[PDB]
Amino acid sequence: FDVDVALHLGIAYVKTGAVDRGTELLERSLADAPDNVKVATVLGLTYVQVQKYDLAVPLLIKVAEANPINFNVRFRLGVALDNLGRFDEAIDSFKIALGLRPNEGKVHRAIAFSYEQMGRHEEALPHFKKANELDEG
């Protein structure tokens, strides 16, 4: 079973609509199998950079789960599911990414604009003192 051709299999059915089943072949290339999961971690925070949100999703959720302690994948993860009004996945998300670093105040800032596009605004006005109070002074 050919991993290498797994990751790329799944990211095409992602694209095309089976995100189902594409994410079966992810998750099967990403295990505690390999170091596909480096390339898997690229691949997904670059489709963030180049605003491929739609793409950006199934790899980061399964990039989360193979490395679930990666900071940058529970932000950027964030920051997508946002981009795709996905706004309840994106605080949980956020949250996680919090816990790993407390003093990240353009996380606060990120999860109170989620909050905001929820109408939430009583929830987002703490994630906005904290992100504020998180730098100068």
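Numbering follows the first chain given and starts at 1. Compared with the form deposited in another entry:
Both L100 and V57 are assigned to a single rigid part for the movement between the two forms, based on which superposition fits each C-alpha better.
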Given for the second form:
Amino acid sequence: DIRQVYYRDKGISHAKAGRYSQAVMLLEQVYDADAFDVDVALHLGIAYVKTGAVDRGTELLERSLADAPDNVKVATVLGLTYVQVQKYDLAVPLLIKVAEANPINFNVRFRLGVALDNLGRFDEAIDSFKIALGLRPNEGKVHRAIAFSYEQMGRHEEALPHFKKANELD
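Return the structure block for the form deposited in another entry; the form deposited in one PDB entry was the one displayed.
Keep in mind that what follows is only the chain, not its partners or any molecules around it.
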């Protein structure tokens, strides 16, 4: 009744503030597969991945994606998690769309780049990494990444400056 609004509101806040174990503990008690609340599943999703229950969290995020395919945050979080467990094929489409809608999100763009480079899509990797550098030109790590993407294409002339700049910072 008012039990559940309190558990939901608090559990979600736990998750948002990084208190992930406490979010699992509360939200496990509201989450109901058959009365599907997407905010609950999202944030219990997040909290399971964070607490090492990666499969259960992934599954909940997929189910949330099925329920709300236009929810950007579900897509962001599923996308990045897929990068984290090396499901780069699944990640790229979710991360392209998220980056479209949210151009100021550096990590998304960067993980997109890294996802592309692991699929061998180097030209697209490079274009994403350039976009990531427009947002943080100081990012050594992007520089090492784009350098390696070029080198993998045998474009060594283009790699070196990026290698140099990644050391100038590192």
